[PDB]
Amino acid sequence: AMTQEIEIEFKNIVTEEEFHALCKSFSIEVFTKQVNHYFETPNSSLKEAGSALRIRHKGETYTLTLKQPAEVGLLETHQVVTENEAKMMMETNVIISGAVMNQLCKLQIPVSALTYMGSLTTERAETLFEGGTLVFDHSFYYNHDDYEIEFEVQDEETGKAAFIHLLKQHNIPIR
Amino acid sequence: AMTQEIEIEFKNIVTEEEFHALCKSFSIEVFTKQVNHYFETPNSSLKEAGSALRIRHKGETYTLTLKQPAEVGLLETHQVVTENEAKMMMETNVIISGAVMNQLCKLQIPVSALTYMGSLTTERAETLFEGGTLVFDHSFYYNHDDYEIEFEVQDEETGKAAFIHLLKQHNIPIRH
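Protein sequence lines, in the order shown, are assigned to chains B and A. Per the entry's author numbering, residue 0 is the first one in the first sequence, and the count goes up by one each step. Per the entry's author numbering, residue 0 is the first one in the second sequence, and the count goes up by one each step.
In case anyone wonders, no lab produced these hints; they're calculated from the structure. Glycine included, every Cβ here is placed at the ideal spot set by N, Cα and C. Among these hints, one or two may not hold up.
To be verified - Keeping only pairs whose Cα atoms sit at most 20 Å apart, straight-line, the calculated EDC-like set for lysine to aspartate or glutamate is:
#1 B:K46 with A:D145
#2 A:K46 with B:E59
#3 A:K46 with B:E15
#4 A:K86 with B:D154
#5 B:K57 with B:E16
#6 A:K86 with B:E82
#7 B:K46 with A:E147
#8 B:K46 with A:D136
#9 B:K86 with A:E90
#10 A:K46 with B:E82
#11 A:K32 with A:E149
#12 A:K46 with B:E17
#13 A:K66 with B:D144
#14 A:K46 with B:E155
#15 B:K32 with A:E90
#16 A:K46 with B:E147
#17 A:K57 with B:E90
Stated by the list, open to error - Some chain A residues judged to face chain B by a derived CB distance under 7 Å, without partners named:
#18 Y37
#19 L113
#20 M116
#21 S118
Produce the complete structure using the sequences and hints provided.
See below:
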């Protein structure tokens, strides 16, 4: 149910034209839908502490996730919950107990002030690339849609070089 | 239960500090929560067509609202709907019939493709000012929260000059 991980992930915004070209370049055909239900306090506490708190619905699975700062990249705490647990967090704004609650209290978020603020649909595809994972994200936000390429790595120094090299190969500007 | 209006909107991004100062100038203390549930097709048809479709939930009310191009600004169509109707649209992706559906057909949006794509919360206060409605918004998006000032008017020329003069009066730079 419960895992934690250190995630090192570079991200670049891209245009629609660049996105479609890069997807054809990697033979990216199939996209997987996911929806993220995000939480925050009226004072933006999560954001102020470099952190994010979300319930991801992907397939039949719901996962409560906290991302927070680590020395390198982010420390992520995932907790699989049931649909009904997901819906009660969203309708009551009370966060279920367990690893994610434990980390929020140690971060000193005023947990009782957290509220369900909204949601976003992302279409996501991935592929293994230079011993990292290349991610193609198309997200539908309130008045606009956003295209991103991401790269999750094991080595921050060599991963970065590989990512910047890829962008350069494809004449994609660093954004 | 249904209205249409031609609407002209000016918007400026402000800092929290600018936002609180402008609020204090207008005796704005109370904010009202509002949630917008938005729809779009996989092809982004609505965005292509300069348009937006949302269900807004505020207070007791759900309002299905379509925004589309007018010769200047936007033609808004509003249709008040029931909780059940709102939920049905969000769960099944089917747009209820009436004035908003009729406008979507005229736009040639592939209506059967529209899907419920997400939602966002906004804390809002409005005051009547010069030719219109001055809006103070604090919105909570996925990655971040923003403060924005908007001005909704019917007269473009004078509306724009008044909004610009108000921003300079308070040393707020133009950020589109």
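- Message: Name the hints, by number, that the structure is in violation of.
- Response: 2, 4, 5, 10, 14 and 19
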